[PDB]
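Every protein chain but one is kept in place in this view of the complex.
Naming follows writing order (A and B), and every chain is counted from residue 1.
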Amino acid sequence: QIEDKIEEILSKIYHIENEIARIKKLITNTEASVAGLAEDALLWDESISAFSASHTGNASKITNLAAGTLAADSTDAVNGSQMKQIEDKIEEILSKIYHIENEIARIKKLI
Amino acid sequence: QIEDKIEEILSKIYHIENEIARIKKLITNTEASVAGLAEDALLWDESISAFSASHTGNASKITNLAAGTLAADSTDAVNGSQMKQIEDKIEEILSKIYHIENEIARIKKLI
Partner (left out) sequence: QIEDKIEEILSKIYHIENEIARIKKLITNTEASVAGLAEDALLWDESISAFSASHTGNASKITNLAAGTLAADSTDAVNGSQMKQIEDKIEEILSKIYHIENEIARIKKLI
């Protein structure tokens, strides 16, 4: 029996070392995934009290951002499409103004 | 003694397999948390060189965003509340312009 008992002790141990092998290569691909997430997630910076879009040495864009609600106490982020429509209306208004000034000028010439 | 030695060898092994049980159900709830974070964190996309707010098939909003600083080289994100005030002022200016054009029209009728 005891040489049997020893046999079953080695069976249970060689199983232990292969359950451990599975752990160790596995733990690694997780510590790897955590490292990846730290580098590429947009993270809070406590030294500035804000989330920081710094990545690959500098300020970075955020894209694939859907339009934010335009309302009085909205906390939605706003996108360039939204901004473009504002920019467009501004350029129209500058042109209009110009032309109003010309007309005022013409009137002041008739008087 | 040797049947005692064998007893203490099995004591140390049945402890090993229950320290290992604790590891394996634990490692799982961590590989689970890492998977969750990958899916729901706002992450850098190297194919576009920007953080991407894509989620659940499409562009997504960002909300609970506090007002950004409006200054010359500000890198703060801006919110819809901010934008709304700009939109409001634009609508006022369009109305004013309209009305200026009417008045100019009336003057040109008196001459």
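Just so it is clear, a contact is a pair of C-beta atoms (placed from the backbone, for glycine too) under 8 Å apart; a residue touches a chain by one contact, two chains touch by 3 or more.
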Subject >> Positions on chain A where the hidden chain makes contact >> reply: 2-3, 6, 9-10, 13, 16-17, 20, 23-24, 27, 30-31, 34, 37-38, 41-44, 48-54, 58-66, 75-84, 86-87, 90, 93-94, 97, 100-101, 104, 107-108, 111
Original post:
In the whole complex, what residues of chain B lie against the chain that is missing from view?
Top reply: 2, 5-6, 9, 12-13, 16, 19-20, 23, 26-27, 30, 33-34, 37, 39-42, 50, 53, 55-56, 59-78, 82-83, 86, 89-90, 93, 96-97, 100, 103-104, 107, 110
